[PDB]
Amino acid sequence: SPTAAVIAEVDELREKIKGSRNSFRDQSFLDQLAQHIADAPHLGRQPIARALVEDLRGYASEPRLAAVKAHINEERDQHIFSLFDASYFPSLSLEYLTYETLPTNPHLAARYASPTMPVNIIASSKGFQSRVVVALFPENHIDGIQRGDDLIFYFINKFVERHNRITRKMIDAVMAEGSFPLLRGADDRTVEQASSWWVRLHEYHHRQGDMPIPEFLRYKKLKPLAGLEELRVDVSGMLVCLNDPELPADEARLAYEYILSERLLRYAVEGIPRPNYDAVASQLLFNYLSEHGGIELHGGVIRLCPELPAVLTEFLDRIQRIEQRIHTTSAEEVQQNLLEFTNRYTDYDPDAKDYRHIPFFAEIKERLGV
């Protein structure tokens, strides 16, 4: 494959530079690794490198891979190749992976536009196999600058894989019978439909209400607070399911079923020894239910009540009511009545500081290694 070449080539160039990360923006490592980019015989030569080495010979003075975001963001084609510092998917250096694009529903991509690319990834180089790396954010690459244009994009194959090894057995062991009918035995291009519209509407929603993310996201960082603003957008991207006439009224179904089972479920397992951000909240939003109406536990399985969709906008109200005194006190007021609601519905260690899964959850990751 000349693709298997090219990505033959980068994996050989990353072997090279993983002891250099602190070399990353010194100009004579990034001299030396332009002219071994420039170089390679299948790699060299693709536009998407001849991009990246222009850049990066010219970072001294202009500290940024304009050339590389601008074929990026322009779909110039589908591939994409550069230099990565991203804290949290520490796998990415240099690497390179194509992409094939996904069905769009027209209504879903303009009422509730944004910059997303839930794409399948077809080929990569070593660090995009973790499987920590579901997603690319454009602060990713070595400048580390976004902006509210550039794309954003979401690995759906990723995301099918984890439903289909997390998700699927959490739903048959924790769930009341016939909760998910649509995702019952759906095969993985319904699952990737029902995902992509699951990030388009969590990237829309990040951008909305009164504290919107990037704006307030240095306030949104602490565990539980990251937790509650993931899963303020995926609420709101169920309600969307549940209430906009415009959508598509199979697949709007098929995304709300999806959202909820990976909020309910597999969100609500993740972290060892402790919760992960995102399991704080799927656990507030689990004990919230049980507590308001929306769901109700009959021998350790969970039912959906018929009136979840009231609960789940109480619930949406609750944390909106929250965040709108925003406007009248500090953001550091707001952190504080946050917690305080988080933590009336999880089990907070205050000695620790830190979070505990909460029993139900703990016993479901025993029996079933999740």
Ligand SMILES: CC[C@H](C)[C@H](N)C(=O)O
Given for the second form:
2 protein chains.
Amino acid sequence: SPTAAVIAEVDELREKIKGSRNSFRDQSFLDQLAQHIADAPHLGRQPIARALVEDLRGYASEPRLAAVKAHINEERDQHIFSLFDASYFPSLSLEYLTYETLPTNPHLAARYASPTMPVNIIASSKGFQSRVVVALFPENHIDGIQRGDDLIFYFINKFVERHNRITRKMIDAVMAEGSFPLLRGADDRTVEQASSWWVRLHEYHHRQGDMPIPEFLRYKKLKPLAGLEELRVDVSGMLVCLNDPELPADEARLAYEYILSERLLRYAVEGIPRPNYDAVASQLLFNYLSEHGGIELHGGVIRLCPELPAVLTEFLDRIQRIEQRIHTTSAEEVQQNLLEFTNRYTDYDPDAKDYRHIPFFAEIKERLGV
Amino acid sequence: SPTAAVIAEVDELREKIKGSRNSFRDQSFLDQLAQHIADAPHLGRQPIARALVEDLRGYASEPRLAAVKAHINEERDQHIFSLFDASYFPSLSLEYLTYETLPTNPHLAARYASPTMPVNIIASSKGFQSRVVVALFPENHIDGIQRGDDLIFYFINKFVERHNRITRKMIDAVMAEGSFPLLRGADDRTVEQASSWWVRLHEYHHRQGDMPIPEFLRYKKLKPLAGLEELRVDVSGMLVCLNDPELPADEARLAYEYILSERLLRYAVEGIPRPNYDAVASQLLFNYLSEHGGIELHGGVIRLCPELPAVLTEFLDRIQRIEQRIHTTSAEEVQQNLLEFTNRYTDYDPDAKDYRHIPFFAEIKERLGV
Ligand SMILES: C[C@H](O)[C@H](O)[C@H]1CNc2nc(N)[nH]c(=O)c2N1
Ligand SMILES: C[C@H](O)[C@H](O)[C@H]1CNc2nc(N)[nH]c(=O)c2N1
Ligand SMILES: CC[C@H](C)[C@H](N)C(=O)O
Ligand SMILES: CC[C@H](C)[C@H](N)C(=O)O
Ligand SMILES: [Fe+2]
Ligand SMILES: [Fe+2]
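Would you mind giving the form solved in complex with the ligand, to go alongside the form deposited without the ligand above?
In what comes next, the whole complex appears, and the chain from above leads the way.
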């Protein structure tokens, strides 16, 4: 396999530089790395490798990976190759992958446009094989730069895997019979499509509203607030799938079921021993929906009420009322009010200043090992 | 078994009351629970069950489980049975176990005395089978009360299990040849004796120093500070094993190796996606020892320096210098200085106000699945 030969070369260079992350911007190291990439029999031939070599060789004057990113962003081919430094994707150093794109609904791509690339990984170097690495953002490159039109990649094959391994099991164990009818027995190509809708809507809505990110990112990194912002955009996407009549009805209801099942179940159990940011927000959703009539618990089993669309709309309306006050108060004051809202519906420990898994999902974590 | 019949009856009542935690102090609920316990053909006739029934029936005027705790604290037999409400042990509701005590070193128990009970669980109800539940504290009972002479139980069999599942594989992969020779191939009884020394020294040293717990507990629940207090006491126990000549020399060195291996390795990888309280402090230890000459990294593997006992003494001295200022400054000022010390040697994200696994242990988590 030609691609296996290329990836073998990347993986061997990756091994050699594993102890040198502190030198990844040192020009002496970069010159040596660049020279080794250039001399790699198969890798060095590749246009994208020549671009990186040029970027690396010039880094002391221009600390940018402009040529590599121009290649990627223009989709000159379906390869990604660069030097990465992403603190939350620690497995990534010198990495390579080949991807395949997924079909997109024309109305979705036009009306909710963003530079998002839902793809399947065909082959990749070792750092990309970690289950941690589910996406790739422009600032993950060593230059740390992101522009609004840089392509952002989501590895949909990994979300399909997570849905099949975790979400399906949770639907069967936690939800009333018939809760997610379109998802039952749905094949991978179907979940793949719904997942691609989900990430497209996710990226689009992050940039909408009165406190979009990246503009207000540094106010939305505390665990509960990072989770709440995730939930704001995924509820927004849920409601688009319910309300936008220009989306194909069958595909939109599937995407709705998918986003709802992911946020109501899989994300709700994430994190050990404490909920991570996604789980805090998903437990907020669980308790809000329970309290406000969107779901019901009958003997430990979740029923989706027919009124759930109205309650999801009320929930998003409530978040938007809190954020709208950015126009008349400080971002710090809005933060405090977002936290107060979160804490009314989660298990916040004031002395630890952190959260506990609410008992409902703690028991599910125990029962299913999730 | 008669015991098997008792526990079956407990598990069945536990199932009946699973949805009712919000009523666990309601007298109408307690009157009914007490009656069902009293009528349990096997469980109801146990002396500890008579004690719980009396406590529960009297709870409206005496919100304490005094008769149950008197039975347990006086070790009238080796059964534990109560109604529990421990937010960090959410699996515990109505629970029952039988335990076996372990050999005890006379000097250790006299010089470092505490009401600690290192025991093995022989049989138990479902709540006690959770791997989360490694110990049982007096305030875990629904009355929420603790007294300085209440017995505190540690389930040593679970620490043996964790040692053999995580620590052993970590020693092999991460430690230089010959780092922990007394632990190599050690049988479960040997690990059990080391673990019982560890928990005894742990409980003892929590009450020593200038900021002991429980007195200063509410200042030591923030994740980094909770971990740093764990590490203060375990480094103290480490040094006791090295320095106290009236402890048996073979058992003392074994306990030293055990405690060091647990804090250097097993606790260092705890928590997903972020380190938990133990892991933050263990990564503080790792980086402190690296920079101050107590360990060295050669080929991704940790060598323990002969000078390590002196560097551990320096580390504990440093913690004790910060805590000593409680006598001239506020608890809050001490907290800030404990955090500043922690953050110098850990990966703190100031925008998230939380920690990331340091790269050394992130890589080990990926490689070994820990
Ligand atoms: C909101 C929360 O901080 C969450 O992790 C954000 C972070 N930054 C992001 N940036 C982009 N482009 N897309 C995303 O989905 C997110 N997720
Ligand atoms: C230090 C940190 O708070 C840790 O979780 C403390 C908490 N309270 C405790 N209380 C007792 N009796 N024994 C312990 O070991 C601890 N651990
Ligand atoms: C919804 C955005 C991403 C995919 C999600 N927070 C995750 O880490 O899986
Ligand atoms: C040594 C204290 C306890 C055992 C440790 N923090 C744990 O949760 O395993
Ligand atoms: Fe996001
Ligand atoms: Fe402790």
